[PDB]
Every structure is written in structure tokens, then in C-alpha cells.
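Chain by chain, the residues run as shown.
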Amino acid sequence: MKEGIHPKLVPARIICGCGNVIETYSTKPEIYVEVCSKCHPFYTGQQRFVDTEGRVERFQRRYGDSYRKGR
Amino acid sequence: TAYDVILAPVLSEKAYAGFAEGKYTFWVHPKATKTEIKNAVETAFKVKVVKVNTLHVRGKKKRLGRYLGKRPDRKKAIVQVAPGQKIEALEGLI
Amino acid sequence: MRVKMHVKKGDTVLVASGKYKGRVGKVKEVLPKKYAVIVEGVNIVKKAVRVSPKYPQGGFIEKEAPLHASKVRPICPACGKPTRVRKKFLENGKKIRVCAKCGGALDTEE
Amino acid sequence: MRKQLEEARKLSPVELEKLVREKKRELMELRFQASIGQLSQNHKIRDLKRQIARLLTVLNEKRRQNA
RNA sequence: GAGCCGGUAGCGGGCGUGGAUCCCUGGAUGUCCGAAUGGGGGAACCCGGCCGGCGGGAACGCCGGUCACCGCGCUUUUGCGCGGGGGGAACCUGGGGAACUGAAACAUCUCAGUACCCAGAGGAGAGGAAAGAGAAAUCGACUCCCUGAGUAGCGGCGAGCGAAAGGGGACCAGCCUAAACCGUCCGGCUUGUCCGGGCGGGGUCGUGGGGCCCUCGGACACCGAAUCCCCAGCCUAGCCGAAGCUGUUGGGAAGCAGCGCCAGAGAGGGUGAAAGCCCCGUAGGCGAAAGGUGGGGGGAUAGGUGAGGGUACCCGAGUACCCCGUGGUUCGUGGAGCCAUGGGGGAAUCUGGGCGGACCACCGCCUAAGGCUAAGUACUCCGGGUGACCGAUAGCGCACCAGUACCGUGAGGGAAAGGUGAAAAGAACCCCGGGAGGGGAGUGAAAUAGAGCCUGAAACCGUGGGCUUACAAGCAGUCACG
RNA sequence: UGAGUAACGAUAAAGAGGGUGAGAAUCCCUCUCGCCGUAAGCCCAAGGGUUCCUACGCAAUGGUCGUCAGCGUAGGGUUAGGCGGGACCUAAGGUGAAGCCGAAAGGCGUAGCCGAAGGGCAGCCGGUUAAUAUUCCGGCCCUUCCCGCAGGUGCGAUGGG
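Protein chains in written order, with the numbering used here: chain H, 1 to 71; chain D, 1 to 94; chain G, 1 to 110; chain F, 1 to 67.
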């Protein structure tokens, strides 16, 4: 495997759909977006001790970095 | 099982002429090494090995009628030692 | 009629045939039954060559195939086969007590 | 031969392990029969091969007795 | 139990009740191949090492072993034991993700998360211990059935798709992990007291546990692989086993006859023409031995639990809530529950925090966010059985030397043909003639059943005959007279 | 069915004798024509997997018989110290320890390797067989390489040149 969170995963199924709204207002327009898409996170690592990459993945890193820092 | 014998005699006019000089016509295993072909004739059969030649050959010609068939795997190997003997016990039919 | 079969080389009269009056069989055989009443040959005109007897319509032919023996001649004709008196160790013989009380036995015979 | 195996049952090492070689040869003889004899020999060729197996076998299977 | 040396009959022999065949079980070498593993490479080729062995010592080949590759187990001495990885008719779960068609347009919808493709999976899967549920102030894994209306439901309120609770019933089992909290021993850390390793305790079940004190505990609950044994059954091989003759035509009879029996077995199939009692090891019943496997039953194993009270407090993923995003669930934003996750921000310990019913309340229930979970439906490639289901251009396209030939480069698609006849006794010689062929014979109850053959028609080709027809126009033909 | 008409793979044409055999314009021999000849020649390399050779075989198939036959029945039969290739090489290309990427199967490719008429790399004539052959024999020939010997020596990795 590759581009999961590494601890975990964000390879989400991605469906994209909309159009135009006009509802609480009154009239109703047309739109519909019966289609599919994609939507995904971010790469970057640092250090164990000495000479190190890391990799892992996005959002957790703001948490994520400290744990290994916490060892 | 790694056994010495590797061959059966072949029967050409030339093979029949083979003994005038000492060429030796043998149906053989489809993977015998010349050295085996040496040694087989040796300790299994007792000579000073000299001169060897050998022929792989795919099988030749057949029918039955109702279906189809062609002759299975075959092979030849030839040789003649210096002393001029041996196999005189073995040329005997001709 | 498989690896298992029936009557030994045996001694037995038969019935339907156009010959009836049987006795010894000769050689029982495999899936096609194949045995010899040692009655009724034909000819087969075994070619002409001296490798054959020279002037054929050969004389020994014995393959009246069907099972039909009135089995064995102990003192009876046809019988059912019951089974065995055994007594002595590994004895069977499926000796036939039906009317007559014998197996056409290996002891007394074949 | 009711007891083809017994001597074969008896032999324990190379003495057979070589004997077979000669004993193999006895059958090496049998290919010589393009048309030199090949009469009653057709049995003689047959299950004489069979013993050899056991000669393999007993070697093997006593090499199994060995291991 | 005793005759055999596959389909195939010849041809040359043998071995044999001092079991060979045949079957059944474990044996032992199993060429090459392919995840593929010594190394590459056009599958069926090749090239070596590193040991020991043959060849005339080694220069030359043979032998057998060992020679990856991942990921783990760790033994963190270049490595050890050990892990997988291959598929395989279907099977379902994930992950992925399609139109035309249907809308008599069609882009929303639909069909439909179908089809397909991978991933994974085991003989089942998956789910499965309740942040239920919905309304009694319930129930208490779930799935499978059928019901539950296709009503309650959702929308270009077009065509549609389509529940759950409840109720019945099937099987009817539930427990493991993190909690500095303590001890522990161990690692780092550095002066101890941060984190990390194991071990104990706890590691929940429904609001409890953690700790101090007091009554406390004086044992039954058997394994949801806890373990093994035993009845454990298939596997295989089996053995029975009842009981008619005689007459008769008859090409042949077990039909007709006559007289007879049988039996917890008159299913069926077979023997030259129709057998309950001739044969079929036909079904009644019984075997079987050691294995090679395992639910029921059984036992021991029972890890693992098996009292309430007191003080306040340290306790199931930090990331749930919220916002914008799409997902599911019958739910296409309509006000939009829930569970899902997209991003975005971001709180806390049983004074919780979520719920059900936009939102608030109040009412009541529940205690979330680390996992294995059987037996229960499904599926039928394999085996066995079954038959108002089928007969040889039906049935798989395939019934016996085929999905092989053939064709199509390849991707593929995709043939035709069964039965002579009691058995072959399948035709010796005879003669015509090159031979095939044909006649005699004789064979056989039938060869006008003799091998392209049971029986064999259809048109289409002949003769043999019969009747008529050469000066007339006519689809055809029907009627009238000869 | 039309049809024994169309058709007969070429406008580059043989004849006759003699034999053979059941039976020959087509088959075997002789003889004379004819035609190629810048190929309808000899030769290797792809193609393919048997003919070729011998006997008998004639219905088959050869687009006609056909005693012939590349058709049949079975047998026959080609081997390399140096011919070609493989145990050497490596371009593109392919491959793939890394390395870095994909919903999932994937992506590329560092290093090396795989892969030719490329390159490097050890000869030739005659002779006899039914058939093959510069590998069979004869003559001649040079071969990387091993051991054993002499002799000299600075030697030693595809490492760097």
C-alpha cells in the first residue's frame, strides 16, 4: 500500500454533485452533478534519531510529529 | 538411476560397414554427454575411447488410419576406438 | 460379470441350447463370460495356409457365451449357491447344500 | 519365484549397491535383442526389471532404515 | 478369491491358490515445467557455483544436497528457525466503477453499485455484544425465512425504486485489549520520578472499576479451536440371501400348459422371443479390519469468572462536537434525523457524553470512537441418489480413441458422425478378371442383415411392362362420351 | 438444376523408335527438335518439418489414365578443436536489487544483465554413399586450454587508463 495516512487512511470515495439551489427563497432552478471526482491530503517527514526521512501523512502531523518526538 | 547403459545398437548398411573400421551405431538417451558416452563405453563396456559423433532426431512417419500419429523421440551416437576391438561379440547378426 | 464372476472350470449339464446335455466346462473368462461347453464347434474356414491346418473349416469352437450352467454334478443339477460351512480356519468353499451338498469342491475336484 | 525379495531383503550395503550394477547389466544384455534371440526371453526381460526397483527400493528403503 | 500379462482383437510367451491380477491405505523415486527460487531465457532450453562421488588425477561430464524474493518470529555472531505468496465452477465482502434501454424525447431518474476488473476470504463468508430501538413506561447478538404494506415512504409527486419496528419461526453461545493506577522488571532517558519492555492485577459488559476500611470467598459453569481420549462414521473391500421343474410349440423360451413353492428381499437390469423363485454379490438384513479423517455422547483439561458497604477522586482511540463537502440507510438538501467519512477547525471522565422525536426543552433510554467471534440461510465445480426430463440433426456443442480436427495470425469461434448380429461363426477354397468386384458354395432362423451394414421411407435415376401421344396453342384440370 | 456446353493456371511446340508392364500422348532408355541462359543457374540464410533413397500399392490425391509420382506401406538416413550459434560483449529496446510514484492491478528506472547479418572470436582440398557432408576417410592445417618440464620473471581484479 501507499498513500494512506500511514497510521491510517484518506483515499476516500469521491462523489461530486450540485447545481443551483433557490429553496428557502421560493422558485427552484436546475443543476444536478451526477458525477465522480477525487479529494486527498499531504506528504512530509522529519526525524527519528540521526539520518532520517519520515514521510507519513498530512493532518495528523500537527499532532503526529510529537509522538515519535515523544517516542 | 544414473546407470551406465544409455543405448541400443543401430542397423545401417553403413553400420554393417561400421565394423570394417569400427564406427559404432547406437540408439541413445536424448541427453547423453559425450563423456558419458565415453565412460559408458568405458567401465560399463571396456575400451580406449576415441572419435565420437552423435545425432538427435525427432521421430519419423506413421499412421493408424482413423486418427493421426508421428514417431516419438529418438537419437543416435557414433564412435570408434583405436585398438580395433570390442563389440565383435556384438556385431553378430551380420 | 466383473472382477468377480462365477463357475469354476467345472462339470455341468445345461438346458436351453439345442444341445442341453452338458458336463465339464473348459475355460471360463473375463467380462465377456467365455468358457467352453466342449460341445458344438463350427468351421471358420481358417484361411488356407499350412500355418493353419491346411484344409480348414476348423473344428474346435467353444464360446456359447451366456451363463446358463445347471451348476456342478455332485448328485444334483442346477442349484442356488448358499454359502459356507467353514468350521476349519479360513474355510468357506461356499459349498452348496442346495439339494446336493457340495461345492464341486477343490478337495474332491479341480 | 515365490521369494524374489528375500536375498534382496538381506543385502545391506554397497555389496548390493554394486551387485545391482552388475545385476542391472544382466538386463543391459536385454537390449541387445534386436533380433539375436528374443524368444522365451520376452519374459526374461520383463519383471527382471522389477527386482531392480526393489534393489533401488531396498537401498532407498534401507537408506530409510538408515534414515 | 483365485486365472490373468488397460482400451484391441494379433503376435512370441509365461507367472500362478506356498493371493497374480482387482480394489483399498500408507509407502518410496516422482524428467521438465510453471507463485517459481542457484542465474537468465523464446514453457518445456540453457550457464554456474559451494560440498562430497564417479572419468584416465586435475584439466571434461555425470551424482545427490544446497545457492532467491519478499514480509514476519526474532537469535539486533551476513541467519537462523518459522510467514506467505498459486490457483481453483461458483460463493460473498471490500475497493472500483458503464451505457443504451425505461421514461414511446431525454440531460435529472432509471435500470443499478447490477455487468465487469482487481483485492481478500475461507468452506463459508460478512455481520455479531448495541452511543439499539421505537413506545409498552419495550426489548435485549444477528442473520435466513415468510410476513411485515410494497402501505409509511422520495421525487421532472413521470415512470419507479423501495423499509423498519412489530409478529412467527430457524438455530438459539459470547468474550477478549489502552486504562501510571499500583506493582513489577527492562530499556533508554539523566540525578531518579519523561517515555518506552514485558508481567501481574484490572483490562469493563448496561455505569462499573482504582485505591483504604469493614462483613468479606468457606467450591461447580461447562468450553465458542480450552486438550485428549473414547461411542466416535464415511472411507474401502464384503457376506449373505429364500425358492420351481416337467411338458409343449417351437430358429430360439423363463410364453402356453400343467402341476410347485417363496417370502421383514416380486424394485430393477440381464440371459437368443415377455423370469417373484435362471442369472444378476437384485433389494430384507449384516459387514468389516488397523489405518485417513470428527458433529452427537462422554469424561478429565475449566484458562476464566463465580459477595455487598464507605470516602471524594485517577478509567474503552487525542480527534467526537461544530462548519462547508459529498456517502449510505426507502432519504435526489426539502426543514433533513442518524451512521459515513471530505476538508475546516478542536472538549472533556460513570456530577459523563451521546442519543429517539428540525430546535429547544422537558421524558425516558443508552455509556459511543482497539478485536475474534460459532450453529443457524447461501452456493454448488465433486460424490451419491432421484425422475408426468430428454432418444440420437434431443439433450452440454459434445455418448466414447474431440471443444480435437477445421477455420480464424493471434485474440477466438467452433465440426460431423450411436446401434451388423446369438456370438462373429465377418465369409477357406471355387471361377471372371489387373485389382476391386461379382457369382457358387457353405455359414448362420433372416445376408435383398455382410462392414459404410437394424428398419429403412422423402423427393431425385433408372429400366421392365402397361396406356396413349406427330398438324396442333396451353397453368392446370374437372366434368360429359368413348 | 443449366452441362458434357464453360472450363481446363499461360501462345515456349516435340517427334518416333525400344522396353515395360493386366492394361502407356503423359512412365524408363535411345535418338532429333524446342527453350532458357543475364536465369526456368548453381549457393547460403528465413520457411516448413518431411521428402530424398528401395521395394510393392493402386481406388484413393494427383484437376485425365498413370504400371508415374514431392500420394500410399514400411524401412532408410545427415553427428564439427576450429561452419553458424551457445558457454563473450553490449545500442536502442527490454529487464529489473535500489530509488520514487498508483483506487487496485501500477510508475520509472540508478547499477548490472537480456537480447543481432553488430562486434570480437580458432583452416583447407580431394575422395569415395542410394542419400548426406569443408564435421566420414585421406593429405595438409592451425585450436583456446590442462597438467608435466624448461625459461624468464615484479606478477595479480573488468577496478582506472
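FYI, nobody ran anything at the bench for these hints, they're computed from the structure.
There could be a bad hint or two in this list.
[Stated by the list, open to error] Here are the simulated DSS-like cross-link-like pairs (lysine-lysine), alpha carbons at most 25 Å apart as the crow flies: (1) D:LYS48 - F:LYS24; (2) D:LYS31 - F:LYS49; (3) F:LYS24 - F:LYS49; (4) F:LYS24 - D:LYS75; (5) G:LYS94 - G:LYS81; (6) D:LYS86 - D:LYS76; (7) F:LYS44 - D:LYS38; (8) D:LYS38 - D:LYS76; (9) D:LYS38 - D:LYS62; (10) D:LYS34 - F:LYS18; (11) F:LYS62 - D:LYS38; (12) F:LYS24 - D:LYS86; (13) D:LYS34 - D:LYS70; (14) G:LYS34 - G:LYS94; (15) D:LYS48 - F:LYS18.
Hint by hint, here is what the structure shows:
1. D:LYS48 - F:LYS24: With Cα atoms ~23 Å apart, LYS48 of chain D and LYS24 of chain F stay inside 25 Å; holds.
2. D:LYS31 - F:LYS49: 22 Å, holds
3. F:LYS24 - F:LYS49: Holds, at roughly 8 Å.
4. F:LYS24 - D:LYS75: Holds. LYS24 of chain F to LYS75 of chain D sits at ~22 Å (cutoff 25 Å).
5. G:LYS94 - G:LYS81: Distance of about 7 Å is within 25 Å: holds.
6. D:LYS86 - D:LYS76: 19 Å, holds
7. F:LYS44 - D:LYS38: 29 Å, violated
8. D:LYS38 - D:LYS76: With Cα atoms ~14 Å apart, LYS38 of chain D and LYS76 of chain D stay inside 25 Å; holds.
9. D:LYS38 - D:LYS62: 34 Å, violated
10. D:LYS34 - F:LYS18: 24 Å, holds
11. F:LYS62 - D:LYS38: 32 Å, violated
12. F:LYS24 - D:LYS86: Holds, at roughly 20 Å.
13. D:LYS34 - D:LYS70: Outside the cut-off at roughly 28 Å; violated.
14. G:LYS34 - G:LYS94: 22 Å, holds
15. D:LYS48 - F:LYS18: 23 Å, holds
Checked against the numbered hints above, the structure violates hints 7, 9, 11, 13; every other hint is satisfied.
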